[PDB]
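Just one chain is shown here, as structure tokens, and it is the form deposited in one PDB entry.
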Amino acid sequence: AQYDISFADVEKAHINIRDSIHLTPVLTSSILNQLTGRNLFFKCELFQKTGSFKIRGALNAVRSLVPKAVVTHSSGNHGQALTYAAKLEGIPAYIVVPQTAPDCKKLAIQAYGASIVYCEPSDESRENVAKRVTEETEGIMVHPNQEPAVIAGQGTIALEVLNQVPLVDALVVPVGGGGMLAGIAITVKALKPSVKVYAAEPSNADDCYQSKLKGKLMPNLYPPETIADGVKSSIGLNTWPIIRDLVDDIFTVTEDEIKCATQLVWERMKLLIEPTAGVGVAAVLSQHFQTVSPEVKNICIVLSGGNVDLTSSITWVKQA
């Protein structure tokens, strides 16, 4: 009944950020339609300010939380977005980043003027270090996915999608911490609950899937190994209840599927998505998705970001 955000929070966030973000386009692909048998729509958040949708939750959080500094932990995208948002107000940013995050993300964070602080690649390390930095700097913590203002910001994506694709039957959303999935679920289920909300998740980081299956929050026991570098976080205490109750299903995809789907988008849509964003595309291409009812025809997939290391990616790109 009551979750940590409401639809009204999202509507408000939208008004309050819309003049500072892009109303990103929805693009289509006949090749992907052919491959899936569905009518796909791609919400291009890769074109958002800073390279990902995270500017939404960051701007909303900065504006709303009334400071000496802002602090967060991030695999890169929330960090750069938060940095940018804070810089606009003249507030310094400290960003805790796992040592194994992509270089491109590490560099962008520094380019926006943040103090970057490397941690170990685990949820525990991210959280503990950010807590310590918060204390040391007397800054304000802006969590990448569990903070209500952030979740409400991410949910604004759905307000746009429902307007841009009026006949939409489902949204497909990549899931890490569940900030975006939760905000979108709140939004869709408030406006038009007949529209499906589906999560897409790496098999190699499948806490959300396992949580849903078990009926309780089950965080990743070991730090995930995945090319989907932006969804290694486990779901949290604020997003789980929303996901439990409002998300229709969760589809897992293997590393191979993620790589194949990412490459397909690059080659056929000419959109430089990051592999994390290739998760949702893989989901719709997957065998299990074939079990979704044929009535679920018009599907919008969120292409969540385009912050990818071009040279790293050559490692996995598949020759014909």
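Positions refer to the first chain, counted from 1. Only residues modelled in both forms are compared. For the two forms, the rigid core is made up of the largest set of C-alpha atoms that agree within 1.5 Å on superposition. What changes on going to the form deposited in another entry:
- Summarising the superposition on the core between the two forms, the listed residues 159, 129, 242, 197 contain exactly one with a Cα shift of 2 Å or larger, 129.
- In the core-superposed comparison between the two forms, the C-alpha atom of residue 102 has shifted by at least 2 angstroms.
- For residue 218, a C-alpha deviation below 2 angstroms is recorded between the two forms after rigid-core alignment.
- With the core held fixed between the two forms, residue 148 has its Cα displaced by under 2 Å.
- Listed in sequence order, 67 to 69, 96 to 109, 116 to 139 mark where three or more consecutive residues have CA shifts of 2 Å or more between the two forms on superposition of the core.
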Contents of the next structure:
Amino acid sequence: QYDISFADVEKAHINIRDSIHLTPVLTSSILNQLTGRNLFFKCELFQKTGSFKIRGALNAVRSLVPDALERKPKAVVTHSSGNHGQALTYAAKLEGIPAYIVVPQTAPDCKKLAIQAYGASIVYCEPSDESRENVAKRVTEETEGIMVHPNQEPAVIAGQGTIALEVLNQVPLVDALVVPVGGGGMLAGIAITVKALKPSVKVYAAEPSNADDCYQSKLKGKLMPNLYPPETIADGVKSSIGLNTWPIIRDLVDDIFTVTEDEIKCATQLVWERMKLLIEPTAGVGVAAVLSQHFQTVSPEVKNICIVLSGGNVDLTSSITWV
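For comparison with the form deposited in one PDB entry, please write out the form deposited in another entry.
Below: the lone chain, stripped of partners and molecules.
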């Protein structure tokens, strides 16, 4: 039916369990006092590499083949330089294979330094997609590597879904999961998992209003990507949903809540100050969603809500700015 099944999520958990953390679920009376609801925080900011994306990246490294004639990937390649590229590098390192990040000439020096500091090699391209594509395909082919998309690669989607296996086991009375959405790999993996195991549990997406393609797609009933690169402090959810995650999200996600830039910032600061968790602003999106006016339309029966705190890869300098 979909590009992944619950069986794929379980194969992923089996494949990755020995190398990731089964992150804790923490609580806050203050947030519980504030939102009306009984909240649980799945702490993927404590995951290896600083975000959940090690789950999908490691599953892809351990499950994908480079070719019909070779079972073992000999390198990994991606155009993503943030959390995904960091996770993919670490996964490659675990498996003893090189990682290549395709980067435009125009990337900030800080981006180039950070990639080299996570242990990946940089391959330069022009800021164009013709270039980026020529370059990554050349690298993938010449290194006998796997290209690992940050959110549309089914092995990636299947790995991110393992968050929901943990949450359901950790929070048996959970009524809903709230998940920040960019490309929708985490959303879709979690929606597959929840709806396979316990479809009475709601799956809700949280998204910046400034980058609201998942909301607009669900509103319209078809895939409507951002027409232009979005501007948001939630830097990890600037991708649009794609052709592999959209059908899952259309059919299996119960609702989308959009949140303003100010809502994201206030929710981020609230978590920093009142929970003492250094979430990245992208991980504040799900918290802003549950605090938002529109989340008041959620039935009072939906009491036990687990919010995925998806990452903690924040720079203090980038902070000082917007705080």
